[PDB]
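Encoded as structure tokens, the following chain is the form deposited in one PDB entry, with no partner shown.
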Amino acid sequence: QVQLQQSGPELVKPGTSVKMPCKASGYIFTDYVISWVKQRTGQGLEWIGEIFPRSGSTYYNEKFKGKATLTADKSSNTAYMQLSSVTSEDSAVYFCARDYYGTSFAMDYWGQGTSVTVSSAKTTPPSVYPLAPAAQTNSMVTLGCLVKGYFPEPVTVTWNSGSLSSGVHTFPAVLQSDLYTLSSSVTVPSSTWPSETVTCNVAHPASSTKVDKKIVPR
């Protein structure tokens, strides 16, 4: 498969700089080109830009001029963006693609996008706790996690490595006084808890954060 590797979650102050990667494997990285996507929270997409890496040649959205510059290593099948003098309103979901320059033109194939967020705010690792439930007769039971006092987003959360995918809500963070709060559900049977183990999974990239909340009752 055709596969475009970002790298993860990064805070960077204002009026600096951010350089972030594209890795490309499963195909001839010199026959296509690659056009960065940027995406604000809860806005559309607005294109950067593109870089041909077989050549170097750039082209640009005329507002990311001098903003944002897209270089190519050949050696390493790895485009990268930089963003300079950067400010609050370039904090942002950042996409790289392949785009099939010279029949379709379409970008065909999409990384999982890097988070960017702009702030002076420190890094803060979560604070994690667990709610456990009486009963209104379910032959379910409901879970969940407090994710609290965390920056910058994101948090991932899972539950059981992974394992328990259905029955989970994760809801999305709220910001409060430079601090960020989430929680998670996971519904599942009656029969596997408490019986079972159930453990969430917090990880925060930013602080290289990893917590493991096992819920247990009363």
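Positions refer to the first chain, counted from 1. What changes on going to the form deposited in another entry:
Treating the motion between these two forms as two rigid pieces, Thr158 shares its piece with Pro205.
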Given for the second form:
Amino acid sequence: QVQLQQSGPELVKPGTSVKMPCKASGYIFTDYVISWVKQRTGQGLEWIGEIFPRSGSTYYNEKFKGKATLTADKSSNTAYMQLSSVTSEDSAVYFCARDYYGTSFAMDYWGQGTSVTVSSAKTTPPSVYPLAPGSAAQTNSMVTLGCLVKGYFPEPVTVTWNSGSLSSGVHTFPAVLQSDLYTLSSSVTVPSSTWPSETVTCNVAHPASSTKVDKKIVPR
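Having seen the form deposited in one PDB entry, I'd like the form deposited in another entry now, please.
Below you will find a single chain and nothing else.
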């Protein structure tokens, strides 16, 4: 099948440049144009520009002239986009697309997207804190516990509860930046019986800082 494969998330310091691939497979690379598209987290799609792979020829949206340079490498079937002197305004997910055959001018095959975060911040292991209620629960129903990952950079962390068994009634929340450090939180609700009778452990992993932290929920 037709496939476009883009690389994983990149963290880059302001002022530098970032060059990202879109590797093509399953069709004649030279026949179709490759479009590039930007998306800031929670925001809309923005067209960067198109490249004609055999030709080498490019068209840009005014706004990205000077910021984005698109290339092709026929021998690799790999398209590249490079952004120069990056500011945090270039932090975003960037997609490549192949335009469909015909006069269609529509984008039927998409890459997965490559994530760019621009920041002068530095690797920081998360601080995990177990979140226990203040007073004991009444007899009935369910009790909600928590875990609060604070102080990490860059994204992401992965929170799970009791090594993944507990999937029902979890809510891990989107991270929010606080002065170069992310803080997020997870909640877990459980039967009033199981806590504090049983053990509850949040498992917070940060691939970026080489850190895994298993932390147990204690009531007092």
